[PDB]
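**Student:** Let chain A serve as the given structure and place chains B, C, D, E, F and G on it in line with the hints.
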Amino acid sequence: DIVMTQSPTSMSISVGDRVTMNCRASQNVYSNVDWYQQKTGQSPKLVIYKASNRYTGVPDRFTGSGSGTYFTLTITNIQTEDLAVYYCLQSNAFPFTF
Amino acid sequence: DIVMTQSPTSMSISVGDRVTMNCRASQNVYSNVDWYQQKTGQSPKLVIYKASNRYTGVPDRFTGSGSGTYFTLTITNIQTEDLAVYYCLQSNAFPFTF
Amino acid sequence: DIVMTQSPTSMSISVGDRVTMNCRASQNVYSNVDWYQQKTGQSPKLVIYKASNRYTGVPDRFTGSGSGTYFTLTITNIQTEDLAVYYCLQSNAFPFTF
Amino acid sequence: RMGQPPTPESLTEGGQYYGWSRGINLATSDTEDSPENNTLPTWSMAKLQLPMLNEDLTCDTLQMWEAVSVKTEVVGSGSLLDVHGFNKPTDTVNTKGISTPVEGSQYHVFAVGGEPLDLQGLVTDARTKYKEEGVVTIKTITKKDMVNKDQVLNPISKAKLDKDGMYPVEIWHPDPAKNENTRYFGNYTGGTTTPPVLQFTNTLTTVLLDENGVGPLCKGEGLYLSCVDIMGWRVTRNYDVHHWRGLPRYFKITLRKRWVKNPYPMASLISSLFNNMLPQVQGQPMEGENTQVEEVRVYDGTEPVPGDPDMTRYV
Amino acid sequence: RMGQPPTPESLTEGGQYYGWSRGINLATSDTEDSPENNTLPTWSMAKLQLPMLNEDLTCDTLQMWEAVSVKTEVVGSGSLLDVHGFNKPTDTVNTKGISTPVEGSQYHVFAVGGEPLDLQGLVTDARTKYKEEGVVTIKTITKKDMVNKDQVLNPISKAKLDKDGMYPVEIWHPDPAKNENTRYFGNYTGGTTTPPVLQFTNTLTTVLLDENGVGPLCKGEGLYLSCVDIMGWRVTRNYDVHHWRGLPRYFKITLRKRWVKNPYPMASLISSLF
Amino acid sequence: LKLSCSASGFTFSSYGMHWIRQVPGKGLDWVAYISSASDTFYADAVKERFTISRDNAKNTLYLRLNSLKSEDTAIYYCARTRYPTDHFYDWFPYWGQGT
Amino acid sequence: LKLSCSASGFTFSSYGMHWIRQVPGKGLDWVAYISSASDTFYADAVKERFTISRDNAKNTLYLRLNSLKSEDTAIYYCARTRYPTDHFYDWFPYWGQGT
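Chains as they are written, first to last, in my numbering: chain A, 1 to 98; chain B, 99 to 196; chain C, 197 to 294; chain D, 295 to 609; chain E, 610 to 883; chain F, 884 to 982; chain G, 983 to 1081.
Extracted from the complex, chain A is given alone in its bound form:
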């Protein structure tokens, strides 16, 4: 099993600011990392698929980058609708881990 560790456990920030959340995997996952946003009470929405692309309908402030062992999700100017939890998921071997 691959273990994904995220560095910012909880980050307090305002609107218009920049945030960057990173993920480290135990073994190598080439480019198979997804970035999910979950607002309280909703099914987790996909944000950044395959660690480098923006899902349809997702604004241009979200950015996924990295490959290999260190991935990152960045937001340049926060929005009010960006107040949710964010998970990173490796889909590169079974079993999948968040």
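Just so you know, the hints here were simulated from the structure itself, not pulled from any lab data. Careful, some of the hints might be misleading.
Taking CB as the label site, the calculated pair distances span [stated by the list, open to error]: (1) B/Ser129 <-> E/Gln760: 29 to 35 Å; (2) E/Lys772 <-> D/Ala471: 22 to 28 Å; (3) G/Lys1029 <-> E/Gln760: 29 to 35 Å; (4) F/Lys930 <-> E/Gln658: 53 to 59 Å; (5) E/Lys828 <-> D/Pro603: 26 to 32 Å; (6) D/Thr384 <-> E/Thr810: 34 to 40 Å; (7) G/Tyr1065 <-> E/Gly800: 26 to 32 Å.
C-beta atoms are modelled at their ideal positions from N, C-alpha and C, and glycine is treated no differently.
**Tutor:** Below, chains B, C, D, E, F and G alone, put in the same frame as chain A:
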């Protein structure tokens, strides 16, 4: 049949401003999306063919972007001659839909 | 044996400043040059592998560049945790030299 | 029979890959290989049961069939001229052109015999973990694991072709040492974009006789046909999934009736009787690995008194 | 026998490259070549010791075996249809598709004889520094160094195929001048992505007779089989390391007993005494 | 003990479906996966208890639960992969509602 | 005279291991290397004295020292290459602790 939904139903804006109109398709159309401009009383002029190129004679303020399910047409600085309706057309399977 | 010569023997600089340390090899090493950081009392950490990439966990201020006979490591804005010795290592033929 | 079984007949379960494989999913690391039985092309086999013939037991002899010749032909080459469809296009930068046809590694084997094909096990890395159900691997026959000698040649990784659709062609190859009542022909052509090549003809025929002029005598009474015809791959569009393709093979076997010598002393059925009433004994190992038989010598005639009574190859 | 020896049987030392080479590491400069014996594919040889036969010394003649024909076949072609696994993918820009199968330079030689194969030394640049242990090179046999004439043809760089797994196939080629009691067949196909091609058959057989109708007479009493079957390469994922691949070869030799003339005047044993 | 995930609007038998459970405070946790060519892949801590299946021509997943259900309780979502492939790794964007 | 570098958490026999010594004021200095297919490469000034080895199934390097040890003294680290290849040049990022 593919259904194309545009988010801005009617946008009021001035000259010199930026506008972005988006289109979502039910199924996948790879890069076959055209952007048509129709002024009242004229045959619809083509503006942005194949979702990423500018037809001849169309100024550099128009920009077509996107691929797959989410396409967009952007104007950076509006002109007086840009006061027309704008449709997006998928030409990727039959029947074609606007 | 290949001999690696570094131009800055000892550079005094403050935080927020830029530093660039260069390395010259006697013979040709194509792109096989690593950049190691050693803080006093720790095993030397890898920083820039293969002269053009950033190891995982290394910030974006570090930059490795060059190929052939002249390599360089640059830091744009120094951090307090960047106060260590820096070696360049050729791994292109045996024996390896630092 | 390469992957998708013929049972879910509806062309909605997946688009009906009958005739194709289901997919291909590369290993996730050096040690993690699970090839998912509906991915592996396997051997096709069939057995035509011929009737019984005369027996002449009053003086030992017997009549049995004899495959004299064969006309074979892979049917359906032109079907690979289907260049519409949702495969990877020839111009991917615009997703336009031609939906690339079937290309790749090809493997054509067929075999006509009087008994099932004897197979031998070879593999690429022996750390592959094949499923333990619905497929026959080297672990299913040699109950232990696979060893490194299974990567080159292990004289213990042998099998027959009794089942059909269960022996993958990447593990079980026709045995050169064993097959005596079977004529098998084959050819492999590797690569990644190797264009397929086929030739079909109504006229030319293969001869199944051997240097004594016999040809496969149908033991029991069955005649065993085996085949595998892999024509390449098919690269889909979303990812580069690589279903296999295989075409059917038509056999036309010409056989006749030959008088042979009855091998078994059918009176030995009394031995079978003596083998039924006598108990099943455990005993101490007298045959095999730990055998307890020191020596066996057979005397037939009257030779003059020899000198050193055991003098053979000197080295 | 191409590189990795069969001794470390566990499939954990490296993933068990038995049947494959260990790697390939290009030269670091024009003069620096050290090919690391477990990288070089080498010749396979075996000797079947047949029994003794009659001797008729009362009037000079002698009986000895005679390889009349051979059926050979490279076993394991279909195993190259293993297109899963951790090799370089066919679509590297996304690392997806098919794990590229075995391709590249192929070299198929076999030889059936009554005495060991005589080999001749040719090489690419004679400045290559082969290890001086575990492998037989032109320096091991001609105790001096390698000269430029070893790049084309040196009538002094000759050898036999006594050992097994020690004569690399890139140095030692079957000798055309020498081999008299040996029938060898071979073919080479170069390139970098040349698709392999193999054909196997239960039926067709080779004849080992010569224009006098003799065929290899087994000297001593042994029968010597030699072979090399290189099927291509295998490109791994992290770098483009290029392990070789080789498949076993099955021989079936049909021999008979022939009366020949005893060459040596066995009375010459007194000369041995003298 | 036997879940159910009805789906509509597409060809159900051509896509791969995941089961993912979320304990309301522990975040998300993957559970199981079944692909178009039905072959089940489970998580390490749930191997022998759950059985994920799909029944084509009725368009429903069936995650037959532990049959014991000792310490497993959470919101169970279903997810559908994006493309209709036999590729096992497809970044499922179409999550369910939860149960 | 005989070092030891125990390693855990990976497959030991698939990676290449370097020995590097550092005199506390003279910087780092490479010593030796042994690859997956064990073949030793030493430094020019230490050729005949040291012998680097690895013992698979016990996961330990053994840099048998000079057997003389006249003028060689420093902190001895072990380093593991990044990828499990037979490529000799692999930019070892996993250094030891020191001895």
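**Student:** Taking the numbered hints from earlier one at a time, note which ones the structure violates and give those numbers from smallest to largest.
**Tutor:** Hint check: 1 fails alone, others pass.
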